[PDB]
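Enquirer: Please model the entire structure based on the sequences and the hints provided.
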Amino acid sequence: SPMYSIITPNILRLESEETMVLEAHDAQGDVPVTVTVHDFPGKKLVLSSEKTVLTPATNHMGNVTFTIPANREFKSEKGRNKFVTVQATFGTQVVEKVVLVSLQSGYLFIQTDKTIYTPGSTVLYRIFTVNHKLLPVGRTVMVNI
Amino acid sequence: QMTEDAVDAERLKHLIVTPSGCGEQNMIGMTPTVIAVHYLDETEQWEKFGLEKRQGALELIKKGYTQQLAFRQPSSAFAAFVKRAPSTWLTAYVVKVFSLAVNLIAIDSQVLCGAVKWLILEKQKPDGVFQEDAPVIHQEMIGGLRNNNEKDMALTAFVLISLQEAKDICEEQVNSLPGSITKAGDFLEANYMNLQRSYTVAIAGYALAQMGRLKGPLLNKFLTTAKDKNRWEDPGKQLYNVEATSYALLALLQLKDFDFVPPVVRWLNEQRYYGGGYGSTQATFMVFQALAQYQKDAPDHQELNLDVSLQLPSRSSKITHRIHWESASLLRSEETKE
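So the protein sequences, as listed, match chains D and A.
Quick note on numbering: the authors' numbering labels position 15 of the first sequence as 37, and the sequence is numbered without any gaps.
Quick note on numbering: the authors' numbering labels position 37 of the second sequence as 1025, and the sequence is numbered without any gaps.
Quick caveat, the hints were computed from the structure, so don't treat them as lab data.
Don't take every hint at face value.
[Claimed, not checked] Here are the simulated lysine-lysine pairs, DSSO-like style, with alpha carbons at most 27 Å apart:
| no. | chain 1 | residue 1 | chain 2 | residue 2 |
| --- | --- | --- | --- | --- |
| 1 | A | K1041 | D | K100 |
| 2 | A | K1036 | D | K97 |
| 3 | A | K1041 | D | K66 |
| 4 | D | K119 | D | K66 |
| 5 | A | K1050 | A | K1001 |
| 6 | A | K1051 | A | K1001 |
| 7 | D | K119 | A | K1051 |
| 8 | A | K1225 | A | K1203 |
| 9 | D | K119 | A | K1036 |
| 10 | A | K1041 | D | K97 |
| 11 | A | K1284 | A | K1244 |
| 12 | D | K119 | A | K1050 |
| 13 | A | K1171 | A | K1113 |
| 14 | A | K1036 | D | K65 |
| 15 | A | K1155 | A | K1171 |
| 16 | D | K65 | A | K1050 |
| 17 | A | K1113 | A | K1139 |
| 18 | A | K1041 | A | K1139 |
| 19 | D | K104 | A | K1171 |
| 20 | A | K1155 | A | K1050 |
| 21 | A | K1050 | D | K104 |
[Claimed, not checked] To list a few chain D residues with every Cβ distance to chain A over 12 Å, as calculated:
| no. | residue |
| --- | --- |
| 22 | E37 |
| 23 | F62 |
| 24 | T80 |
| 25 | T89 |
| 26 | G101 |
| 27 | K136 |
| 28 | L146 |
| 29 | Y147 |
[Stated by the list, open to error] One side of the interface only, derived from the structure: several residues of chain D facing chain A at Cβ under 7 Å:
| no. | residue |
| --- | --- |
| 30 | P63 |
| 31 | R102 |
| 32 | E118 |
| 33 | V120 |
Heads up, the beta-carbon is just placed ideally off N, CA and C, and yes, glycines get one too.
Expert: Have a look at this one:
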């Protein structure tokens, strides 16, 4: 009997390029998979959905790359943690995993032009907005002094 | 004032019950599992319970949903058998489970609206009275309706509740539903003073508290039958009184009253009822609907906002500041050189 396996990161990152490894051990022929990540306690809205066939040329292994969006106001509630449900339908056989999501969209590095400032002077500071892969993105930041 | 204790997630592990049997015993197998997943995903207490077990109930209640349509009669009715005469109570309670179950998985809606049209067309008199012919084999799930002095009041209030939460799905499908709602409400507003059992006052207060009118004498008699201002207690079994206090807390949450809610809350918390057992189906469904609605309405979407505007003679504008419960702008500092 074939075993259908999914491998995803332990936490997931909102608005970031996440990857899942989709395998079918001891399978035969093309196995068409559809992955769908929904919210966990509701399961009434699809956060993302992708489709990928599994060919025996790669010995039934593919990888599915999505970007799970940070919409639908599930981040506004700060109580406890947030989870998503990943259902991967390998043909007609579904597998299911509940993965934690982290409110994180990259890194911000603040560089000031000095280290000690005279009163009355001007602080010049750059903010470098990089993603999880350390590449430039365009986001909206809140700056407090 | 948001904070209160809830039912702990390790306490309620014994209500994962596999449904099996006839048209009533599988309903016994449904009801604490369905109300367990509903209370647990309203409380968001999966983290200290086990997330993958959430998937297990998601097929286990489907283990009843593949069964109960086999026990659906072809006249859009529900009975204990296919040759059994249908019940008003069993069809109303099937609709009461199934309209509570569509918030997680909905499959078919014509069974619910067809059963609602069955209780409107066959069991609703023009007086506004639902009547029970009683073909129910087991009296365990009937609860406080069983062995009650005013059976017609509590029965018609229960069927008005059972019609009323399925109104928002079968509004377009059933058009005669608000007429039967108005007839049942006009029956319920007549003999509210003639009740002497606080179970009937509690279930009629919930059936008249839902999206309509209740008068000063009606609300005053609903308030004054609360013994020690926290419980609706009658001679009989304790589960009937627990179901009465749960209907009373649902009534007090529906009327947006937050003063009489917390003594009923501490009385339900000190009762330590975790569900399960013999003859406990009504009690187990309404306790977790009561604190599931409390965990919906316990912040009550308060969201405290001060729209504080400071006007200066130094500048030509008044600057407003909207302090919300959102922590993006909690405190702000304004600097004035004059």
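Enquirer: Check each numbered hint from earlier against the structure, then list the numbers of those it violates in ascending order.
Expert: 8, 18, 19, 23, 26
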